[PDB]
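Asks: Listed below are the residues making up each chain.
Number of protein chains: 2
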Amino acid sequence: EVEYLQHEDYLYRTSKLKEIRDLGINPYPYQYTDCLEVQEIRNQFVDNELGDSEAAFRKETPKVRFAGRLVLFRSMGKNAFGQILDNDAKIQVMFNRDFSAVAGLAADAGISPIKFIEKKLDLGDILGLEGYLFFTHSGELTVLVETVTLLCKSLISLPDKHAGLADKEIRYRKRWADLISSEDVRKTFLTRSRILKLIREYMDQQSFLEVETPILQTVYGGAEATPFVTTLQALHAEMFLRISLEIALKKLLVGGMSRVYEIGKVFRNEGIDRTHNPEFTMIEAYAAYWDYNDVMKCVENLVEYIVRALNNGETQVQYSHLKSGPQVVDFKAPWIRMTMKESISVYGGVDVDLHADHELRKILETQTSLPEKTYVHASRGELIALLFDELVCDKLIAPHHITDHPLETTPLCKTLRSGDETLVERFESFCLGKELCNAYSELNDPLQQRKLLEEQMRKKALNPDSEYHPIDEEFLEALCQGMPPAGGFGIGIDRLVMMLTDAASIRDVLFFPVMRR
Amino acid sequence: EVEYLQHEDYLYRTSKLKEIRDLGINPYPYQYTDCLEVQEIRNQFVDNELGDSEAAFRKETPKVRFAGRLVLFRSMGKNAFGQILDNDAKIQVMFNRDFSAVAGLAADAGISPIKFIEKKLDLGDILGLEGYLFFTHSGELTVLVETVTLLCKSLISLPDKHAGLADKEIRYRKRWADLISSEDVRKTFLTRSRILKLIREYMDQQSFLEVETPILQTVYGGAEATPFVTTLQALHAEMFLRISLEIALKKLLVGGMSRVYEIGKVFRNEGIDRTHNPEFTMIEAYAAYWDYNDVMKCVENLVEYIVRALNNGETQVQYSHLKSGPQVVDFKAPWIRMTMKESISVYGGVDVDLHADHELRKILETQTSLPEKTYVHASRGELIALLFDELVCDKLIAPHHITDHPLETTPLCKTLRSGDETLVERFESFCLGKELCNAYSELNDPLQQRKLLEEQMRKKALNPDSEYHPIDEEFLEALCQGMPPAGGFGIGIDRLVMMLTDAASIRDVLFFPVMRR
Ligand SMILES: Nc1ncnc2c1ncn2[C@@H]1O[C@H](CO)[C@@H](O)[C@H]1O
Ligand SMILES: Nc1ncnc2c1ncn2[C@@H]1O[C@H](CO)[C@@H](O)[C@H]1O
Ligand SMILES: N[C@@H](CCCC[NH3+])C(=O)O
Ligand SMILES: N[C@@H](CCCC[NH3+])C(=O)O
Ligand SMILES: [Cl-]
Ligand code: NA
Ligand code: NA
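Keeping their order, the protein sequence lines are chains B and A.
Residues are numbered in the authors' numbering as their position in the first sequence, beginning at 1, plus a constant of 3.
Residues are numbered in the authors' numbering as their position in the second sequence, beginning at 1, plus a constant of 3.
Be careful, since some hints might not be right.
Repeated chains share a single entry, so a pair holds when one copy, or any two copies, can fit it.
Said to hold, decoys possible - The list that follows gives simulated cross-link-like pairs (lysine-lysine, DSBU-like), each with its CA atoms no further than 30 Å apart:
1. 376 to 123
2. 454 to 177
3. 19 to 118
4. 190 to 122
5. 335 to 66
6. 21 to 454
7. 268 to 190
8. 200 to 300
9. 164 to 365
10. 326 to 19
11. 177 to 268
12. 21 to 462
13. 268 to 200
These aren't lab readings, by the way, just hints derived from the structure by calculation.
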C-alpha cells in the first residue's frame, strides 16, 4: 500500500499542478541551458570583491545562472530568502517583489511573481535561478534572483533532515532521501568514486591492462562460497554467477597478457552483515613472473597511494566504529609481515609448533567458543587456521600481511619454495580486524593443480551439504598450454572504502544494499 | 572426456618433466625477477644504434632480461634461432653452444646446454631470457642468449594454425589458444581495453561521476527484455538480474547527483546472434538540465573522440563484414540527424503522413515479410516503428541519429515539446545497420510516468507470453521527491567495439562468449 498518495502534502502539492498549468507554465520543462554549478560559482567569486545587495539591485555585480533544489525558504514581505542545494553545494537566494520574475508568468496573470513564489512553489521543488551575486554583511554569498524557472514540481515534502533509526533503515532503500539530506552520505559516495578512479590510476601506471570477463559461467570457483544459480532460456541451461574473478584472468595469462586486472561484481549467496553483502565489488590482478612477495609490495603501495591522495599526502586514517573504541591506523608501507604461526604466538599467546594436535584442540575448547564439531576431527593445518580466526584476527588493527597458510586453505597456490609442502605462499592482508586482500604465488603446475582440486572435492564431498563441484577441465587444459609463473591478488573494494570513509557498515558504501522486504 | 590426456604429444611433453627435474631444474619455478616487456625493449632500441652479432658475442651491446613463449625454433648446428612471443610483441633469440647457459643445469650433468635447449625444451614453453641485443644483417632485432631459464613446461603443443569451423568454434571457448595463435585477436582485445579507458576519460572530462549500482534487484525495468531470475538464500527471496542501468541512475539524480554514469554488465535472457550476447556491457549516463539534443551532441562527440584516439586523428573506419561488401564509415561529428518519419521517406520510400493506417498496413503486408499478426491491429505509432524496422534500419550505414519515435516505443520519455503527444523526444543512433545508442529527454512528471506504465501493463495483459510485471512504486516515489529535467543515454559498448575493431560478431569482442554445450 502506497501511503503517501493519501498524505496531505501530496494531495496539496498535486492540486498545484493544474493551477500552474492554467497559468501557462510547464511544471516539468525540458532543459535549463547554460547553467553553472553552484560550486563553480563559489570557486569563481567567493574570493572576490563583490558588491552589496544594492549593487545587485543595480545589476552591477556578476550575473549567474544555476539550478537546484529549494531546501529553505522564508518570506519577509516584499523580500523572500531561500537556500538552493546543487550537487552538494548550497547558495542563498533572494527574491524581491519588484526585481524577481517567474518564467512563463504573464504580466496580466492573476497572481504576482512574489505570490507565485510563495504559494505555488514548495520546499523540494527544483528551480532554475538567473540573477546577480552579492555578499551579505555576514559574508554569505547570495543571489538576487532576476528570473526563477520552475524545473520540477515535487509532490512530496523534503525528507526529514535528521533520521532516527527507523528512517535510516528505510533510506537504505530510498537512498535519494539520504543523498538529499546528508552531507556525510554524499561525501562517502564521492570518496568511493574517487577510490575506484585512484585504483585504476595506480594499476595503469604499473602497466596492468583492465579487462572484463563473464559473470555468468557454466562453472564457478576461485573461492569457497555458495553460488547464485540462474537459467539461460536460449540454451535451456543452468548458469552460475561468479564467486570470484580468478579462473578467467588466469586463462588470460595463458593467452599471453602479462599483467591484467578486473574490477567487477562478484556474488556469494550467503549471509548479510556489517561486512558482507551478497553482491560486492572485487579487484583481482595478476602479473606474470611475480611471486607473492612481489604482490605484497604492490598491494601495500596501492593502498598507501590511495590514502595519500585522499588525505593530503598523509597515511594515517581515523576509524570510529570498532567495539574497542576509535582507532588511528597508518597505511604507510611497508605493512607488518608475519607468518600465520608467528601471529598466533604474538597475538594469540600460543606457539603452535610446541603442541601436538591433541593439545591444540583443548586450547580451542577452552579459549574459544567454537563448537566441538568444528575441531574434534580437523587436521593440523585446519586447526592452525582456526586458532588464527579465534585468537588473532580481531587483534589485527594496524595493517598486517599474514603469510604462509596451511595447504588446506587453498588449492590454487604453490607450496613454500623451501620445500615445506604443508604451507603455501599465500598471504591475507588485515586491517581494523577485517580481511582486505588475498594473494598467491600462483600454481601453474598442471599435474599438481589437478591433484589438489581432486583432493579438495573428495574432502568437500565429505560434508553432505556442500554442493557437488566438478573439476574445471577447461582450466586444467589452459594450464597445460602453459601459464607463466605469476603473482595475483584480490581486494574487497567495498571493505577498503569502509576503512577509508569511516563507514560503520558495508550498507553505508553501497547506494542500494540488499535489504529485507 | 578429455582427449588430450591420451594424445602422443601429451605423453611426449609430460615424459620430459622427470628428466628436467632429475637435472635439478624446477620446470615451474617461482618467479623471473626484473623482467622487462619485449615491447618496452623494442621501444628502447629498435630505433637506436646497435651492434652486430659479433659485438653481442663480445658482450658490448645492451644486456636485457625478458620472458615469453617460444613460438618458433630452428637449430643450425652450433647456433639455434627462435622467436619469443610476449604480450603481442615478438623478438628473435639466438642460442650458441659455447655462449648460452641453462639456469640450474650443472656442468657435470649428462647433457650440454645446447642439447638441452634442442631436446628438453619445446615450442610453447615459457622461457626467461637474459642476453645481449643486436641486429641481424637484414635488420631484425635479436638477443644472443647468455642464460635461458625454463619458466613453464607446456604439456600440449602450440595451437594449430590451420583454422576451420570446428577449430575456430572451440577457440571461442578455449580463448587462450586463440590469443596465442592470432595477432588479430590479441589486437582486438587490446583495442577493447583502450576503448573502455577512452570512454572513462571523456565522461570524466565532462564532469560525470562514475558510480556502481546493483545487478541483483527485486525488480527489473528500463528496457523491454526477458530477465534472468535467481534466488537469494539468506532471505528466501527471488531476485532478478538487471536488464538495464536506468532506474537506479535516475534515483541518483533525484538524490542530487548532477551527472552520473555507470559502465556495467546487463543481462537479457534472450537469443544469441552476431550482435546479441545474454551478458553484455552498457554505459548509461544521465545529466541533469540536458535534453535529448544535448545528449545527441555528447554521444557523437564521445564516439568521435574514441575513433580519433585509436586512428591517429582520423574519423573514418573500415568495416568488412556487411553483406553489401566492405564499407568506410565516417564518425566525424555532427552525425546525420533525421526523424523516424523522415527516414521512412528517405530510405523506405514511404511518406507516412500521406497515408491512412490501413495503407500503412498494406505496405507492411506487401513490402515486408512480417507476419500478419504483427500489424493487423497495431496502432498508427506501432505501424510507423515497424516500417522503420523493416524498410529503414538496415540502410543506416553511415552514423545516424534517428529522432522523435512513437510514444508506444517507450514509457520513460517526454513527448515532443511542440505539443505532439504521439511522439517522444527519443533518439536512437545507428551505424552499419545496427543500433548503437538509445537516449531520451527523461520523463520526470510522476503522474504521466504512472499513466504510461499502467497503459503498458494493460497492453501486456493481453499477451499470454508475458507475466504480470508490477509497477516500480519506489521509482515513482523518487519521481515524486523530484527528478530534475535530464537527458540520458545508453550505449552498447560491445557493438561499439565491434564497429571499431572490424569484428564480424559480438563473439569476437568478448573473451568468453556464451556457447552452446
Ligand atoms: N560478501 C562480501 N562482501 C564484501 N566483501 C567481501 C565479501 N566476501 C569477501 N569479501 C572481500 O573480498 C576479498 C577477497 O575474497 C576478501 O578479502 C574480503 O575483503
Ligand atoms: N543482447 C545485446 N548484446 C549486445 N548489445 C546489446 C544487446 N541488447 C542491446 N544492446 C545494446 O544496448 C543498447 C541499449 O539498449 C542498444 O542500443 C544496443 O547497442
Ligand atoms: N580469487 C581470490 C582472490 C585472488 C587470490 C589469489 N589468486 C578470492 O576470491 O579470494
Ligand atoms: N535503459 C535504456 C538506455 C537509456 C535510455 C535513455 N534513458 C536501454 O536499455 O536502452
Ligand atoms: Cl530513533
Ligand atoms: Na508479406
Ligand atoms: Na502478459
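Asks: Run every hint past the structure and note whether it holds.
Replies: Now for the hints, and whether the structure bears them out:
1. 376 to 123: neither (69 Å within a copy, 49 Å between copies)
2. 454 to 177: Only across copies: residue 454 and residue 177 sit 22 Å apart there, 50 Å inside one copy, limit 30 Å.
3. 19 to 118: within (13 Å within a copy, 92 Å between copies)
4. 190 to 122: neither (33 Å within a copy, 63 Å between copies)
5. 335 to 66: Result: close neither inside a copy nor across copies, 46 Å intra and 35 Å inter.
6. 21 to 454: between (74 Å within a copy, 16 Å between copies)
7. 268 to 190: both (23 Å within a copy, 26 Å between copies)
8. 200 to 300: Close inside one copy (20 Å) and across copies (25 Å); limit 30 Å.
9. 164 to 365: For residue 164 and residue 365, the Cα distance exceeds 30 Å both inside one copy (53 Å) and across copies (60 Å).
10. 326 to 19: neither (50 Å within a copy, 57 Å between copies)
11. 177 to 268: both (22 Å within a copy, 23 Å between copies)
12. 21 to 462: between (70 Å within a copy, 28 Å between copies)
13. 268 to 200: both (16 Å within a copy, 18 Å between copies)
Checked against the numbered hints above, the structure violates hints 1, 4, 5, 9, 10; every other hint is satisfied.
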